[PDB]
Amino acid sequence: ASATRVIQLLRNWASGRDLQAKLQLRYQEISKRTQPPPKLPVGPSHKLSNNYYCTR
Amino acid sequence: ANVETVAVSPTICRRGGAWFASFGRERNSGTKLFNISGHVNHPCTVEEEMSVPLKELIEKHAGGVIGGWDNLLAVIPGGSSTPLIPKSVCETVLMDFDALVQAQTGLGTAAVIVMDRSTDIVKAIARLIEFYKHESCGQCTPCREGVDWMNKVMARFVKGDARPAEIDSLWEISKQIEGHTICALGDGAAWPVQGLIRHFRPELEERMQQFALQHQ
Ligand SMILES: Cc1cc2nc3c(=O)[nH]c(=O)nc-3n(C[C@H](O)[C@H](O)[C@H](O)COP(=O)(O)O)c2cc1C
Ligand code: SF4
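One line per chain: the protein sequences are A and B, in this order. Numbered per my numbering, the first sequence spans residues 1 to 56. Numbered per my numbering, the second sequence spans residues 1 to 216.
Bound conformation, chain A alone:
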């Protein structure tokens, strides 16, 4: 956030809480809009042997 400290004090007094601690606008703590690629694990039926479909 970014505002005058006297306005922050007035806000805290009127609301009764420290507003700055839990700001409702996301300034910079959220995840990046670009991420590394994933890998994604395969399922339990991805076996090469002992996997006849009639048993599952």
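Source of the hints: derived by calculation from the structure; they are not laboratory data. Certain hints may be false.
What the hints assert, rightly or not - Derived DSS-like pairs (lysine-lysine); straight-line CA-CA distance at most 27 Å:
1. A:47 to B:55
2. B:133 to B:123
3. A:47 to B:175
4. B:55 to B:133
5. B:152 to B:55
6. B:133 to B:159
7. B:159 to A:47
8. B:123 to B:55
9. A:32 to A:22
Stated by the list, open to error - Distance windows between CB atoms, simulated:
10. A:45 to B:210: 29 to 35 Å
11. B:134 to A:45: 34 to 40 Å
12. B:209 to A:39: 20 to 26 Å
13. B:198 to A:45: 53 to 59 Å
14. A:54 to B:120: 35 to 41 Å
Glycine is no exception: its CB is placed at the ideal position from the N, C-alpha and C atoms.
Let chain A serve as the given structure and place chain B with the ligands on it in line with the hints.
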């Protein structure tokens, strides 16, 4: 009828069935032609009593294994269609139908192929599978497709390209082929692979490990 089966027919008649029987164990009567080839000092063919032990047959008529009997690695007792057996079994097994059935291989055509500790055991089985791939008539699905599939898998096994989880996979492929084909060529293609996997799995696994090591 097989040529050998017919040729003996008149001698059995003249001498009698009782005489012919007087040779070999029960249900294993008569004499037999054996072709001893591979890693033996004197490869040949010889007539012998049915239930002769394998070791006596190899060391007497064929001159033994090159490098001594302790140089022996494996023996295919009845031609390529029968599963191979290791030296642990070869030293005490009899050369008849029931005895070799109890050794999980089978007498086959009584064509002993000997391989010593100096051969690539996977390469020999791969060559046999290539023979079966080239000899399939192609009529039925399990043979026509699965024998070619097994040939490709085995050629990759020879190099070590595969992973251990494929070995069991290969086993199941053979099981699907065996007993599901019109002809018994599918059985003869699936049995050598089963023998190699049953008796020489660690060699396959270490070949895969080596290939991974120098390839990463
Ligand atoms: C793929 C294949 C090839 C065979 N080739 C021969 C062969 O070359 N000679 C032979 O006597 N039997 C061969 N057989 C087995 C025959 O079925 C067998 O000769 C026939 O049943 C009669 O043989 P027998 O006199 O021993 O009873 C072959 C079987 C298969 C499945
Ligand atoms: S199993 Fe026999 S009939 Fe079937 S494709 Fe092979 S050779 Fe032909």
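Inset, instruction - Could you check the structure against the hints above and give me the numbers of any it violates, in ascending order? - result: Per hint list: 1, 4, 5 and 13 violated.
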